[PDB]
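Chemist: Assemble the complex: chain A is given as a structure, and chains E and B with the ligands must be docked to it using the hints.
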Amino acid sequence: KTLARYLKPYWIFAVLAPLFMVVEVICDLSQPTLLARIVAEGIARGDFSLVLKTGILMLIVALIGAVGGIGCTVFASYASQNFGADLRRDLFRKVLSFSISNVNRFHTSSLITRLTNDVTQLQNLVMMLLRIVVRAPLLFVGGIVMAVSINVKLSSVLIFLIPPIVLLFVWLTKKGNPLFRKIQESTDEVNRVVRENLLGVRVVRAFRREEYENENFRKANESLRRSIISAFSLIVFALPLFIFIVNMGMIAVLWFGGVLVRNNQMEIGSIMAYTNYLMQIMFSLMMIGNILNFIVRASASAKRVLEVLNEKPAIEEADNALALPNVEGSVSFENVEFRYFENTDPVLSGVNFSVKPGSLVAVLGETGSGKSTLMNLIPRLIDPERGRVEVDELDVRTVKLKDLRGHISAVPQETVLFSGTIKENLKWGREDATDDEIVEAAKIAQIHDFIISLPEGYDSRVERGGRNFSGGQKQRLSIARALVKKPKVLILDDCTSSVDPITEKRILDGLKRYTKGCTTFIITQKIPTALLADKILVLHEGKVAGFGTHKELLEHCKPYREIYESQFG
Amino acid sequence: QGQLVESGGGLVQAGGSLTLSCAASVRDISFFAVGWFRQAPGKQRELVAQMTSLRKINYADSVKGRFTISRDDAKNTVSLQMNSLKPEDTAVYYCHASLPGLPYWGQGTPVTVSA
Amino acid sequence: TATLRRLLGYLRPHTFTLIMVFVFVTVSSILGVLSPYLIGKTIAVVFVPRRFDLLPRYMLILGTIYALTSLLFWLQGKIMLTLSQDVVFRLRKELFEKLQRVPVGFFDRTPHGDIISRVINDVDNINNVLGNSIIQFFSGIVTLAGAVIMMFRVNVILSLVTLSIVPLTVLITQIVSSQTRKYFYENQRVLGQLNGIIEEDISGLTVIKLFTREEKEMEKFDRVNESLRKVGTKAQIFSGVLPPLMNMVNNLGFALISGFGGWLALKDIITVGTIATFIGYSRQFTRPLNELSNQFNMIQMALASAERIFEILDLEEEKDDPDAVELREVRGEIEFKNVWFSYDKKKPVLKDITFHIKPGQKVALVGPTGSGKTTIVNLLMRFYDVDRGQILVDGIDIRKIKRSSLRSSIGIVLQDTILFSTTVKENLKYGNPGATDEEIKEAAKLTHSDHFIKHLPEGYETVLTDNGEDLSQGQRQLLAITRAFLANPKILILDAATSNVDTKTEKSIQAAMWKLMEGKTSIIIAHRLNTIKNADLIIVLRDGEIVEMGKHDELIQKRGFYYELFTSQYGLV
Ligand SMILES: Nc1ncnc2c1ncn2[C@@H]1O[C@H](COP(=O)(O)OP(=O)(O)OP(O)(O)=S)[C@@H](O)[C@H]1O
Ligand SMILES: Nc1ncnc2c1ncn2[C@@H]1O[C@H](COP(=O)(O)OP(=O)(O)OP(O)(O)=S)[C@@H](O)[C@H]1O
Ligand SMILES: [Mg+2]
Ligand SMILES: [Mg+2]
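If you're matching them up, the sequences are chains A, E and B in order.
Residues 2 to 570 in the deposited numbering are what the first sequence lists, from first letter to last.
Residues 1 to 115 in the deposited numbering are what the second sequence lists, from first letter to last.
Residues 22 to 594 in the deposited numbering are what the third sequence lists, from first letter to last.
Calculated directly from the structure, the hints in this document are not laboratory data.
No residue lacks a Cβ here, since even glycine has one placed at the ideal position from N, Cα and C.
Since no wrong hints were added, every one of them can be taken at face value.
So, partial list: chain E residues that the calculated Cβ filter (under 7 Å) puts toward chain A:
1) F31
2) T52
3) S53
Dumping the calculated EDC-like pairs for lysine to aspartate or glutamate here, alpha-carbon to alpha-carbon at most 16 Å:
4) B:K340 with B:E118
5) A:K95 with B:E236
6) A:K220 with B:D107
Over 10 Å on every C-beta distance to chain E, these chain B residues come out as not near it, computed from the model:
7) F37
8) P57
9) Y58
10) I170
11) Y206
12) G301
13) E339
14) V346
15) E347
16) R352
17) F404
18) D408
19) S529
One chain only, chain A, in its complex shape:
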């Protein structure tokens, strides 16, 4: 029902599309009889004055139907395509608003099918309807009325012919819809199988399990073709049944027709006219049955589209939220407790510590502590179940998302670059950042040395995933991109994990120099890189281990001593 809202602004083209079909059906049905009237007068009178004058008139009527016919296509194609194009941009906007969880509710491989194929199914429905939206009822309602004057007491037979025809498409709606949905569900599997081999082809080739994935694709390809033949069988089985009711209807006409001869209710030549009207009623009945078959395929695809739009994102901006134009960087945590799944144990719990603005903080701990998770609470990537996160001694939820995220920059643990060029990728933080600004940030991250040593400098092609560079270069670019945004709160999740110890030193000292009034946080694994920070924070198993100087944590904090031991002895 909500799908009509996208067809609402293009109602001008939607109302003119069936209007041209009325012009078309009139210029095609009345023209052969009108041409015969010219012929009829051509034998009655003849001459140059009557035959040649009507010869110009017949060419005009043929042009009206031609423009009326092509006019129906143009007014419908524009309406069907604009429905789909505006539906896609509204779905993509909703998928862009989705949180990491909302992208994992519907599978990443399913969302692609929803935003393309499921749009196309509804797009074809608008195209199929608009053509026979006025052609189907006018040839049925207008078809029975012309036959009403010919048959007497045979109206009861016509009314009794409605329920078996209604049952034919109602059964097709009951069994059809779940089976037609299984097609769009099986496409998500071949979508996933292809994406698995696409993202990580090097893993498949290294272990030679190409034949295993070939078998995995064959198992999903057979699953798709069998899901199609299961729903389409309903259409094949409805064909001999629907055709037989038309034949049974003709049998009812012939049986009752012979009785009318005995009673003298219908003339000897009246059977010719009624057989012509019967064809027009059955052809119009077939027109409704054809679009209804598209409806069961479109309804299964409509559910998939609407559920993406009606899906509330896990992270939402408050209606009465106050936008923050300036952020000081006063990071504070008040008994923060977060869990991903109800059945599993808490990831983070009882975390309470205040952070000074401008100061560099080193965060250390074992693999699976909650370093990345806690750092995701600051730009509101995850909402806690118990406790609250505070930025500038005010809650994160009360501050507008676009305003809050604009002041906080981060360097993820798994660096992911996108399509375009180095400059096109770096301008993610700030598109308004001029060449002079973006260069100085790259001189901090040591990447500028290499940026210029490329075929087109900052305009050197960067392929999806950053895969067209070295591990450390992707990482080196990722640092400079966060510095470009010019933050007041900075997050460095394993900043130099794929970088050499010499460049590592140059990057860290280059940061402190350009973070004089920015709350910098660095998730570090190394002790000598952790000493560069003012206050060293420790995390272990989930809870906060210790917050203080290096001299304090060696005697007080127990897990800190364990990490320190593996590096010095």
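Modeler: Okay, now just chains E and B with the ligands, sitting in the frame of chain A:
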């Protein structure tokens, strides 16, 4: 980089006492383990006292109990106190800097036990 | 022209079943022409004799005729549906299996979304040519031939007037069909373009929300979406422009029948009865001609999509040497001989790479960012080949040994960790499918992986999210380390093995890790120099040249680049 300066030494009577100071310049001791070695004419570089950054001392069983190690973190110097000197102690004492596979040796302080 | 012959080329083994389709469609069409004529002929022998004389007798005859025709159309549709889906299935299978043969040098440069679209959308697009367009074509050619013989029986001279417009009918169809295929192909490439942004943005949305590129990626989408809208309308209009344009040619045709039947009607020749009868015969000839002309234009939609299908099938795939040797009794001998490699073939990445690794050696490849360490590893895995140089694995050259046997001897742990979306157990089981749970659980307990698997909702049977991002970044690494250690190869590559893994847990594996690493050749890449220091050979790389070589202690006293690299770890001077 690394640099090691040795203070003290000289000659002392048998069954006495002496202090050996090992100063580490352009280096911070607080992170690496401290070491002490000795080389007598015809003897290998045998360990005297070894102490890791986490405070864990391992003296050699033949010099054990008598010798006492000291590390002054604010001064950045490692001291080795000698108690009751025997004729076996007549060797040139060396200081050692640890770090994971990145060491540095001392110059050598003179120690001669008279009988 | 060529694409059509190739498209129908998949129906070549189906010919035997297709002959039956031609038989069943012809019988049903002949019964479909006789049945509307028989009801109008026998009705004259109903009004004259009346009563139950001939009225109920003809119902049993017609009842069997209408039942046979209804069963014929059902049988036609049922056997075609199976054949249609099997041509689609084979086309889909031939694409995925071609990708597995195609080199890596395609995957990185081409967008992923366009590849998915070419299998999910473009093969779903060739469903309008199969079944429905096949039955109608064979029904279309029989009715056209069946009516042309009827027209020549009436008048040979009058049939030539209706045949003189036929070359002009083919003329207008060929102009429309050429443009219809032109716009429909552009529609499919832009669909794949849009599919590219969809896939790319979704797989990396966390990054987008972090740098607030919501409107920027929306405008990046809207630039392609509005372009898809502008080509989409042109494709749809041109597809449905032939039926009303052909209706105009029909109406102009009947205008000439009445036109010529007016000037000639003035003379003794041409009667009123002859014009009305010939119109009925021309109508039975125009109807299949309109359908065959429209079907040829409707199959252009599939022709444009199948054109994008053959582009992937025409791509140059990975080809082994004809004298491909399977490496038996693998030891672990690795040797490079003045290797020179470049990715873009313009800027040389590796400048003279030469070293010798004996079997059962721990080699530590070290150096700064973008040196060429991963490149040396990728060349060894034969993902890329040397421009001028030699790689000799166990004495035989890398080119002569088949990729199938070369990768059988080497197991890897990639720099950027990639995981499948199956159970944890099935993910670790990759590289060695013969591995029992006793092998899997004991190995995972040694690499500290089992510590976090027993805490998951379904344990070892916990179905992982795409790339396993539902775990910590280090946690994923420990999974990949086991996977390769389970695959048990004679040569192992630990390229950035413990980057995201903590210094404490990394040491906890080291002892048990080396026990599994003994009696095998392993090349380990790391910037954690103090962990790789105990390796049998240390190769220091710079710009793509070997600068320093030998063992740790020898290289420290040398005060070279390795010393500068090592001392840089500890910022205490
Ligand atoms: N597929 C590729 N296409 C183009 N250039 C590439 C590609 N892969 C790597 N490079 C370049 O090749 C050089 C070396 O790349 P790698 O072998 O990945 O580097 P590395 O020694 O592993 O360095 P890290 O990962 O940053 S420590 C760099 O200059 C890269 O930019
Ligand atoms: N999206 C998620 N869904 C479920 N569990 C998660 C998710 N992200 C993280 N976790 C779990 O949360 C715990 C801590 O995760 P992280 O914050 O990524 O760890 P970490 O301290 O950064 O460790 P590293 O990345 O390996 S240094 C682990 O037990 C993870 O399995
Ligand atoms: Mg992490
Ligand atoms: Mg690398």
